[PDB]
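Q: Let the hints inform the model, and build the full structure from the sequences given.
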Amino acid sequence: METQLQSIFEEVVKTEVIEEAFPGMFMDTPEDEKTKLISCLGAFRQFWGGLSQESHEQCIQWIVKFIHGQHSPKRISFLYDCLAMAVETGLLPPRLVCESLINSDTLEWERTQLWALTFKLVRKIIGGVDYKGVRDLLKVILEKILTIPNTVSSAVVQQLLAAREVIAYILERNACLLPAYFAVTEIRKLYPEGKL
Amino acid sequence: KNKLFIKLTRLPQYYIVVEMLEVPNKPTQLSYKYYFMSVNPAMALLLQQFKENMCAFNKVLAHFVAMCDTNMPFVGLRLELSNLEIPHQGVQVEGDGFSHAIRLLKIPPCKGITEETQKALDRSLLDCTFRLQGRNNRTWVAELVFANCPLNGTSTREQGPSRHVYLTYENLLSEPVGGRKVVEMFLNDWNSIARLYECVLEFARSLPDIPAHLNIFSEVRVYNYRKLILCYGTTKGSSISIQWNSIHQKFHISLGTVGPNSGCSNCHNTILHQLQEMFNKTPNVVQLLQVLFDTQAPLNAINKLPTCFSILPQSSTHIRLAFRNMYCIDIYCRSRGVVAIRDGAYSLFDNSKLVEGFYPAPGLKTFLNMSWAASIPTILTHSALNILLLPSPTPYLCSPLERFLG
Amino acid sequence: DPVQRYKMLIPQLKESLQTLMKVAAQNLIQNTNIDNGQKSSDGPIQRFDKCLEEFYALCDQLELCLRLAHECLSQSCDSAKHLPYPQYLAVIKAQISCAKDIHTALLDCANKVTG
Amino acid sequence: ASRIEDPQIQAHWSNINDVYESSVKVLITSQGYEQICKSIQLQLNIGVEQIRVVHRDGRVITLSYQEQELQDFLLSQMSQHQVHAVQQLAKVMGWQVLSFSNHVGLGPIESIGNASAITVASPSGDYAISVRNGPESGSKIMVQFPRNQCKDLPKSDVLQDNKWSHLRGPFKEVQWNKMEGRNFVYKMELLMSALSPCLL
Amino acid sequence: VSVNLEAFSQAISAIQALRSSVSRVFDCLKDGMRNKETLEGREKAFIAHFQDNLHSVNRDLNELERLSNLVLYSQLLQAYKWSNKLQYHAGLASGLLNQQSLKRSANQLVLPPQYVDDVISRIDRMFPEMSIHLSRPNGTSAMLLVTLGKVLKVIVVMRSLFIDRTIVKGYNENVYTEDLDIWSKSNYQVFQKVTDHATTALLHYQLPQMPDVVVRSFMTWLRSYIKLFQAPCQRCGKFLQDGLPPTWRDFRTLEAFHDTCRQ
Amino acid sequence: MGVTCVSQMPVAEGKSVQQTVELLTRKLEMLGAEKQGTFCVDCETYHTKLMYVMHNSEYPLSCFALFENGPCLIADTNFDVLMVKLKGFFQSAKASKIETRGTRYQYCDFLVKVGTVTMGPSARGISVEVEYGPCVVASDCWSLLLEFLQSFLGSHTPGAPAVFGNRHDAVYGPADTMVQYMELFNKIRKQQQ
Amino acid sequence: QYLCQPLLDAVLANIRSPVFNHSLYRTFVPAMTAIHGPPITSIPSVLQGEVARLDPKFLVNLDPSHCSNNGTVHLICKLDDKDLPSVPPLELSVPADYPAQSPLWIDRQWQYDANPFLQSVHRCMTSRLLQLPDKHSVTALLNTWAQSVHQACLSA
Amino acid sequence: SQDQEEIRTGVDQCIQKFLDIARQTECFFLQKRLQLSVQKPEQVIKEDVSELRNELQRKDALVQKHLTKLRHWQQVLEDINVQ
Amino acid sequence: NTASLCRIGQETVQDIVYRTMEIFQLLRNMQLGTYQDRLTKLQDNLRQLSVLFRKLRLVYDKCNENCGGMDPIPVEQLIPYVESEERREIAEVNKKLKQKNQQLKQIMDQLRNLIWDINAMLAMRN
Ligand SMILES: [Zn+2]
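Residue numbers (the entry's author numbering), protein chains in the order written: chain w, 1 to 196; chain n, 535 to 574, 582 to 594, 634 to 887, 903 to 965, 1168 to 1192, 1202 to 1212; chain b, 55 to 136, 155 to 187; chain q, 452 to 651; chain c, 7 to 77, 103 to 139, 155 to 225, 228 to 311; chain t, 1 to 48, 61 to 205; chain o, 615 to 655, 673 to 787; chain e, 61 to 62, 69 to 149; chain l, 29 to 60, 69 to 119, 136 to 178.
Among the clues, some could well be false.
Stated by the list, open to error - Mimicking DSSO-like on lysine-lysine, the simulated pairs with C-alpha atoms at most 30 Å apart in a straight line are:
| no. | chain 1 | residue 1 | chain 2 | residue 2 |
| --- | --- | --- | --- | --- |
| 1 | l | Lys150 | q | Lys638 |
| 2 | c | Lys134 | q | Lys489 |
| 3 | c | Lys112 | l | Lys150 |
| 4 | c | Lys286 | n | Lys699 |
| 5 | c | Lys36 | n | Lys691 |
| 6 | e | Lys106 | l | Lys77 |
| 7 | c | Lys50 | b | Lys93 |
| 8 | l | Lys152 | e | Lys125 |
| 9 | o | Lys709 | q | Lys638 |
| 10 | b | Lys184 | c | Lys112 |
| 11 | l | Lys98 | e | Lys125 |
| 12 | b | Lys104 | c | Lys241 |
| 13 | l | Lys150 | e | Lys131 |
| 14 | n | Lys537 | c | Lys241 |
| 15 | q | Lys606 | n | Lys699 |
| 16 | l | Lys77 | q | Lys638 |
| 17 | n | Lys691 | q | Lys614 |
| 18 | e | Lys135 | l | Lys98 |
| 19 | b | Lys184 | c | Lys241 |
| 20 | q | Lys489 | l | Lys98 |
| 21 | n | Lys567 | w | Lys34 |
| 22 | e | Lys135 | l | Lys148 |
| 23 | o | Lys688 | q | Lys614 |
| 24 | w | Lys189 | w | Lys120 |
| 25 | n | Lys686 | n | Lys761 |
| 26 | n | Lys761 | q | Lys542 |
| 27 | l | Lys157 | e | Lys83 |
| 28 | e | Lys83 | l | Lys91 |
| 29 | n | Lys639 | q | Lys591 |
| 30 | q | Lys638 | l | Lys147 |
| 31 | q | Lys591 | o | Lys709 |
| 32 | n | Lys541 | c | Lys286 |
| 33 | q | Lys638 | l | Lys98 |
| 34 | c | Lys134 | q | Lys629 |
| 35 | b | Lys172 | b | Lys135 |
| 36 | o | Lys766 | q | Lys623 |
| 37 | l | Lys152 | e | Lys135 |
| 38 | b | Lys93 | b | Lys104 |
| 39 | c | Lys233 | q | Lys476 |
Treat the hints as calculated values from the structure; they're not laboratory data.
A: Right, dumping it as structure tokens:
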């Protein structure tokens, strides 16, 4: 079953070996981003509609560990666009994706492009979570931000700051994702009185 | 069903498929479709169309066949470079239009080499371009270009700070053009180059401070990044060569005579093994120059003896001479031009004779050439050693020493 | 005889190596103990130096025997390679001398033309 | 032989022939460098209906009675001998060969014969030459001048050291027309001597 | 015998190796451990080096035991030594200098038939397997029938002390034995490919001036075709590609290859 | 005379005698082999000792008479006429005639012939002969025949024949092929079952 | 193993003794020195090389407009050739530790829109980056950019 | 002057040095020829004139020898054919 | 003049290495009448080799002392990149050699036809 999803997603992003010898002579434009996304979304929709409810989440953990196992950032952003349209079309419940994205242990701050693209996608898809899920996401995002040192490199700081926009979006009072009392309760549980 | 399978003989498992189709508007013309097939009871693996831009030559067919035959050997080399964690740029069209090349960025640093020498090497490697040549298209050549050469030579190698070394590799007939042995041999040559760069850096650092006799006694001649040819002698005749043999993982020195004044040999061929071991234990070249300068003068005298006398090479600066088998004598060379001779068969401990035995009776002949008291050494000048060993007519042209033992 | 001697010394060389390794081990253990808490008997001990010189002496005797045999065999093969016997040695030495004259002539000419 | 005069052509017909067979020995040398330029030689077998060609590199080709086939084949063989001449000349002048391809596939799709390719480097480092001859488009030679020598290449601020200013750079082309000598090999060595060290 | 000389020379080196290896074990022990930047690293480095040194002593001792099983006058010896030295030196020098020749041009036939006959007889003296039959049916141009075992029957066509045409035929096939069948084919594709490769070897072996070493090398290359049908290709390991035995022998390297496997 | 090997390959499973040849011959065609005519080998026997007379179609005019271990006479076809004339004087035997009839396939200097020794009117068995015309030498061309056989025959490949016998520089002969055929024929006649 | 073992055992006994060398030293100094005698008589370099070995079509330079001289190197190079010079910057962010984390091209769709040819070059170069293998180099991105521009020139 | 590895490396070094310096002298001569041809396009023309005249003389001598042989064989054949 | 002396210097340095190679081959073939011939051959080779040294030396002195007025342009400034009565004598000699080559081609064609006709007849007579 994870073999099925393995064959699907690996057959999505295969790379051509014999190209760069006789470059561009093969008669075939490789599916550009939109057609490839539509085909990927269709095949994953087949596997998802086939899938059972209780098996709904271990496959998502496999998806996110397969995305975080990648190395090319274009590949990662393509599969994140796939996950974004898979949430946006209504196929996926928009809480499992966010939780398995953040609680993935491959998400460390040293993987700065993965950090930036991940928290960009969570900024895109957090608007649909119910408020208790937003509260738990707030807690795990704060605990993810808490692992950064006092000093980091001067180039990675802007890609690290992508979590700050998710935090600013959750604690924004006009957006009203959750009651603000829950937000200050989670914060003051993590930064008690006297802690910067 | 009307297709042609053009197999590539140089690089196997690759098949071009040329199919012909009828064009509807012209009943007297044909259309050609070219595909790149590959095979592993033959099993096909992948297939890809390739059809984009006297009349019997079909120019595009021969063009595609030549392009495939020229490009496909590079794919295996790229895969092998990627499999050994060697960061390399993709196959790129060279500036002179027609070509293919795989320029490496960084090599795996080394094993068994100090960190500072690794840094000095990594900051001097400018380019590691690989190219293909040779009939049947199966010879590879890597051109390494180093900068800031430590020390130059007597030859015309004192040009701009850019030394170009070409390393060629030709795999066997089997084991196709793209394989593991080529890059393995390349890494072996790189390791040898690094282990030699160790000694060249040591020598370059020690060049400003020289005991001032080895400077005129020895001179560097060539530096091809894989061999060190130093030359020593009063007339700059003798030559020693340093090289690292990765097969045995030990330094290999080769001695020769290049100069229009010398004996019949390098005169150091009797101490070649002890010098090999000496340089293998402590890789320092200034010690080699010093011991050569110290031991050349006694060796020039000990080589001209009649070959009766037998030369047993013991540890360095301890050459043994033995008239017949009954007699013996030890040659202890030391600095400042002195040699200490011994009784030979005598034992440096409890007074018992060795297997050869036959205690040399006179002993005091060495004292005038200035009971068991031959066992203690007697120093000389190398000039008294010249007189004691070069054959003078008698006070047949025999030596003094062989007259004594005779 | 040269092959026979090489055979005779080989068992002795193995014996000398065994004693040199064993004596070294005994000396190192006593020296470490003297330094260490363990106090070891004075005993005979046997000096390591005497054994190391004995091994070297056997090695020289073997090398001398082999070097002589190799030189003797090389001379014999060369002699075979090169009616009365006095005239035979005479024509050999004559050929040898004329080759040397050719040598000297080529040498002196090639050295007088330049350098 | 009368029309094409640049590389060379030679033919030595055999003494004994037959009523249904004959043989020649074609050689394509250079005008001045006969010794070194001896890499391409042919031995035609003129049968009753087919001409069999045996090249020196172990390649047997069965041509036709059609003159165009033989003419195109001989033109391609001359084009290949042209690059073999440069190879054998670089072997003699001590120039280091960097690359050699007998049938190159990069460039314009060529005529009856496939294009040849060679690239050699000067013995003293910096300078280098490249040659591409073909039956239709040939004699495309371009010298590789070193950097800091053209003075027209756009500099970059990323290059903050002078060590990188010694590599062979701008790849300037040379016109094979309006040159000296009388043969491709004459012009090739004159160009090699021009890019040599001035010992005058 | 020469085999004894090599065994003695190998043994002399083995004694030198044993003495050096024993000195190395003690000399390294005297220096003792080095810092190595880490406690585990220093202990490992000392143990590894000592064990390698101890093993080398064992290996060198074993070789000496195994090698035991296998095995007016002085001027004459000086002349012998100088003759051997000049022979080796001049051989190496001639090889290295004729390998790389700087000659670029010539500008700055008639031959006695008995001389060609003598050259052919000298070449036939060596290679006892090959038998060359001289004949002059048409003019001074000689025609050689060369029988190689039960394998080949080559028809060389000399115009002078020069090789012009070669047509190999099978042993069972008929060369017609008489007025010689110069113009014919073998009727077998393998022998036709061998004729093509022989013409290729002729075009390859072409010395400019000396007309004897060319024929010597041609006969030597032909003699390599005595292990035909009995050798495997050195590229594919196969005996048959498209029903053909390996047909090419590399010049400078008498090894077998199917001509499709270039080699 | 080119080194040859003949072996019998069992039909196996429930494959009919003819069905197996049809398949084996198609497998040979799948080697790029091209048919080069037809071959008929008809042999008659005599109970005199025992006489054998066989004639391959590959040889147009020869008739081979083999006397077991005794010498083989390669003679013209008029030999059969002499045999018939003697017939009243000669022994005849009882319907021991054996024939193998099959297609000839040529694969680049190797001729492969697969046929069904049809005994009398009823087929039983299969004979495969691979010949090499270029290979005049024999007994060490075995490596070749073996490699080619493992290519197509696969299982049931013969581990040589004894007609090669003692190692010798003796050339292979048409008589040797006929002796192989005679041993094969004695085996079909008696294999039974 | 054979004939050496007690020596091996001895030294394997006595490692981690602090006085260890003394003891070795003592018992091994005199005999040896008696017998043998006296003793003896900003921007990473890989990026600089990749830049030095580019085709003269490119004129790569640093980026002081956004992050400058920090570590990962932003680059605006150029396109200069017989082809087309559409949108020369293609800002490339090469992260530190170059033989990993293949560099990413910061997308700028604001300039590649408004004209069909630029939209086509953007589409084809993006697809070419999708088909590029993992751990690609800077030269790979430059070459695929050039060939994508060329495809847009010929396909249109 | 008054084992195998020594002579081996020695001949390697001396022969390679001789070859390099010979190729360098050849390069110098070729440079001088190139300069004289490009800047003095008159001595090269005189050289071509001399070479062409020598070629014509050689061709004339060869045709003379061929005519002598042809006349000899013509007389020989005229002698035969008779009865 | 000087451009031909330079070609002479080229041929001398191209021939000296061949002479040394012949000397090496002669010393190699000298294994231990014929000895006198080998000795005089080696001596003649050495004498001609020294004469070649003298010739190359003198032509070197000549080309170095010449240095005609027209050499202000250093090397690499002469290669062309992308971006009277002597000619009449040349044309006359060219026309003459063209006519002679056409005649020689006719002669060679006739000789080839003769040889082919004789070979065919002597082959078919059998
Ligand atoms: Zn093969």
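Q: Compare the structure with each hint and give your call.
A: Evaluated hints:
no. : hint                : in the structure
1   : l:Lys150 / q:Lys638 : 24 Å, holds
2   : c:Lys134 / q:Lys489 : 12 Å, holds
3   : c:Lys112 / l:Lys150 : 63 Å, violated
4   : c:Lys286 / n:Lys699 : 49 Å, violated
5   : c:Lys36 / n:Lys691  : 26 Å, holds
6   : e:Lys106 / l:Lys77  : 42 Å, violated
7   : c:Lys50 / b:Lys93   : 29 Å, holds
8   : l:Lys152 / e:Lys125 : 9 Å, holds
9   : o:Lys709 / q:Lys638 : 38 Å, violated
10  : b:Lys184 / c:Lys112 : 25 Å, holds
11  : l:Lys98 / e:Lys125  : 33 Å, violated
12  : b:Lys104 / c:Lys241 : 75 Å, violated
13  : l:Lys150 / e:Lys131 : 21 Å, holds
14  : n:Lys537 / c:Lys241 : 27 Å, holds
15  : q:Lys606 / n:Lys699 : 27 Å, holds
16  : l:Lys77 / q:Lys638  : 39 Å, violated
17  : n:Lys691 / q:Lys614 : 28 Å, holds
18  : e:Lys135 / l:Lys98  : 46 Å, violated
19  : b:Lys184 / c:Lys241 : 58 Å, violated
20  : q:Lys489 / l:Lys98  : 34 Å, violated
21  : n:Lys567 / w:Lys34  : 28 Å, holds
22  : e:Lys135 / l:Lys148 : 26 Å, holds
23  : o:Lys688 / q:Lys614 : 22 Å, holds
24  : w:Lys189 / w:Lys120 : 26 Å, holds
25  : n:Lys686 / n:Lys761 : 19 Å, holds
26  : n:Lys761 / q:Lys542 : 28 Å, holds
27  : l:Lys157 / e:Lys83  : 47 Å, violated
28  : e:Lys83 / l:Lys91   : 22 Å, holds
29  : n:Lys639 / q:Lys591 : 20 Å, holds
30  : q:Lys638 / l:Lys147 : 25 Å, holds
31  : q:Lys591 / o:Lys709 : 28 Å, holds
32  : n:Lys541 / c:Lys286 : 18 Å, holds
33  : q:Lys638 / l:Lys98  : 25 Å, holds
34  : c:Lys134 / q:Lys629 : 28 Å, holds
35  : b:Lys172 / b:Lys135 : 19 Å, holds
36  : o:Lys766 / q:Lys623 : 34 Å, violated
37  : l:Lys152 / e:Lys135 : 20 Å, holds
38  : b:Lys93 / b:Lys104  : 24 Å, holds
39  : c:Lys233 / q:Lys476 : 20 Å, holds
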